[PDB]
Amino acid sequence: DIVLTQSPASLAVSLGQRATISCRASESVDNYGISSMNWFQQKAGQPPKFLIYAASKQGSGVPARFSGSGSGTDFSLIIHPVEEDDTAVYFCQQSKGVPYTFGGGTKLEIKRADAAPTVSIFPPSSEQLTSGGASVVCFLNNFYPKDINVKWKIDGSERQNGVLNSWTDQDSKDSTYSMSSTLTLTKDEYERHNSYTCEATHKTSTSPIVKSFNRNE
Amino acid sequence: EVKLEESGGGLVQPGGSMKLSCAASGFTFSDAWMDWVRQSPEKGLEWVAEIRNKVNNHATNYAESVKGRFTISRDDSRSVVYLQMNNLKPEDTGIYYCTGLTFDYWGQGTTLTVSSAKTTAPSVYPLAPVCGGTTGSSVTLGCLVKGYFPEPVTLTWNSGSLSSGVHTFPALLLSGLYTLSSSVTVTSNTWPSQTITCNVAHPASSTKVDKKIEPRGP
Amino acid sequence: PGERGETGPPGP
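Residue numbers (PDB author numbering), protein chains in the order written: chain B, 1 to 217; chain A, 1 to 218; chain X, 21 to 32.
Quick caveat, the hints were computed from the structure, so don't treat them as lab data. Honestly, I wouldn't trust all of these hints.
[What the hints assert, rightly or not] Quick list of in silico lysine-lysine cross-link-like pairs, DSSO-like style, CA-CA up to 30 Å:
(1) B:49 <-> A:3
(2) B:187 <-> B:211
(3) B:43 <-> B:187
(4) A:212 <-> B:211
(5) A:118 <-> B:107
(6) B:111 <-> A:43
(7) A:54 <-> B:146
(8) A:118 <-> A:43
(9) A:43 <-> B:151
(10) B:49 <-> A:54
Kindly produce the complete structure, drawing on both the sequences and the hints.
Okay, structure coming up:
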């Protein structure tokens with residue numbers, strides 16, 4: 001088996017700049033005078049999309065800014081100029097012979113100006129409470145960079161168990177990230193305490209963005 | 001335009017069987033070499049199996065990890081490729097793509113989950129803003145999908161109509177069962193004036209649920 | 021190329 005090793009694992013590039021992604025094969029992918037090396041783009045929630053073949057040749061209909069180079073064991077994909085929509089995972093892949101093998105992928109992130117999250121907090125719904133559950137949900141939407149911290153407080157007292165955080169992949173339009181934080185409790189424990197708070201610490205502001213409610217309003 | 005549509009994924013017990021199939025149009029099918037590729041978090045993209053065209057004797061090839069268990073075939077008269085999978089194992093779990101012209105064209109994928117866990121439908125809860133009313137000139141609603149297995153579900157807002165300003169978050173495992181949420185943001189005139197409805201489908205349990213987002217009464 | 025694909029294996 002030919003093993004393809006990509007580098008870097010991920011990378012952050014400004015709009016208009018060049019991105020360079022590498023792929024190294026464990027042995028030569030040359031055969032019949034052609035370097036059998038292909039590149040694919042995988043956006044979020046999508047199949048891979050075919051970009052480059054034979055190391056340097058563009059796939060039918062593929063944009064001008066994607067180009068490739070290399071032969072033998074060392075190859076690279078170049079993107080210039082980088083665009084908002086180019087945020088994705090890029091895979092190299094080798095068709096010299098069976099078995100056909102893919103690289104581990106390289107994540108391209110687009111750099112943009114910092115942006116604070118818009119924070120919304122949601123008590124458990126009537127339907128969830130009458131079913132015997134209770135989940136409190138905080139949405140932190142459209143921020144940059146991805147690095148963020150969330151802290152739950154129940155009656156002014158910090159809480160850690162039952163919390164689950166899920167980030168989106170970077171947005172293809174505005175280059176931001178969004179996130180959901182979900183505190184799940186028993187209905188019994190939800191109804192003991194009154195004040196539920198959700199604190200977002202982020203690069204954009206020294207003091208946190210706080211959103212809160214009381215169970216009786 | 002080229003179009004590939006997989007079918008027949010889902011849940012199955014370890015040691016069990018499953019037949020995926022793929023319908024293709026937009027290219028001369030009997031000429032095309034077709035493959036199956038799978039994707040997992042553990043192993044990334046794995047080529048699984050190849051079947052060549054009539055000129056190459058419909059030759060087949062397989063990845064080492066599936067030889068003896070998986071069989072690829074085609075019906076050139078129906079423009080379909082099949083993948084019969086026997087004696088399935090937990091590591092066979094993942095998204096299975098049907099590809100055409102080797103890897104020039106890809107289908108949307110179908111999900112295969114190998115587990116002795118049982119199918120469980122989701123609970124779907126509408127999340128309306130805090131009792132009090134709207135902070136500002138836009139407002140954010142939500143929708144929580146809790147307690148389902150296996151993956152995936154599909155969540156939309158107003159049956160696909162309301163698409164921008166939506167953030168649907170990746171599912172997570174909550175002690176054997178999956179939870180995900182989605183937020184949508186509109187201008188404060190839109191809601192509650194016009195009604196907004198979270199639509200969740202869970203093919204594995206034949207579940208289709210619609211939950212209208214109502215403002216909270218005390 | 022309309023058979024094997026642009027991404028398919030090299031061949032004589």
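Now for the hints, and whether the structure bears them out:
The suggested pairing of residue 49 of chain B with residue 3 of chain A holds, with an alpha-carbon distance near 13 Å, which does not exceed 30 Å. Of the supplied pair hints, the one linking residue 187 of chain B and residue 211 of chain B holds, its CA atoms being roughly 21 Å apart against a limit of 30 Å. Annotation: proposed proximity of residue 43 of chain B to residue 187 of chain B is violated, straight-line Cα distance about 39 Å (limit 30 Å). This hinted pair checks out: residue 212 of chain A and residue 211 of chain B have alpha carbons roughly 25 Å apart, not beyond 30 Å.
For the given pair, residue 118 of chain A sits about 35 Å from residue 107 of chain B by alpha-carbon distance, which is inconsistent with the 30 Å threshold. Between residue 111 of chain B and residue 43 of chain A the CA atoms are separated by roughly 29 Å; this keeps the pair inside 30 Å, and the hint holds. Taken as a hint, the residue 54 of chain A and residue 146 of chain B pair is broken in the structure, with Cα atoms around 50 Å apart against an allowance of 30 Å. Our distance criterion of 30 Å between C-alpha atoms is met by residue 118 of chain A and residue 43 of chain A, whose separation comes to about 25 Å.
A hinted pair counts as satisfied when its Cα atoms are at most 30 Å apart, and residue 43 of chain A with residue 151 of chain B does not qualify at roughly 34 Å. Note on residue 49 of chain B and residue 54 of chain A: the hinted pairing holds, with a Cα-Cα distance of about 26 Å set against a maximum of 30 Å.
In summary, the structure is inconsistent with hints 3, 5, 7 and 9 from the numbered list given earlier, while agreeing with the others.
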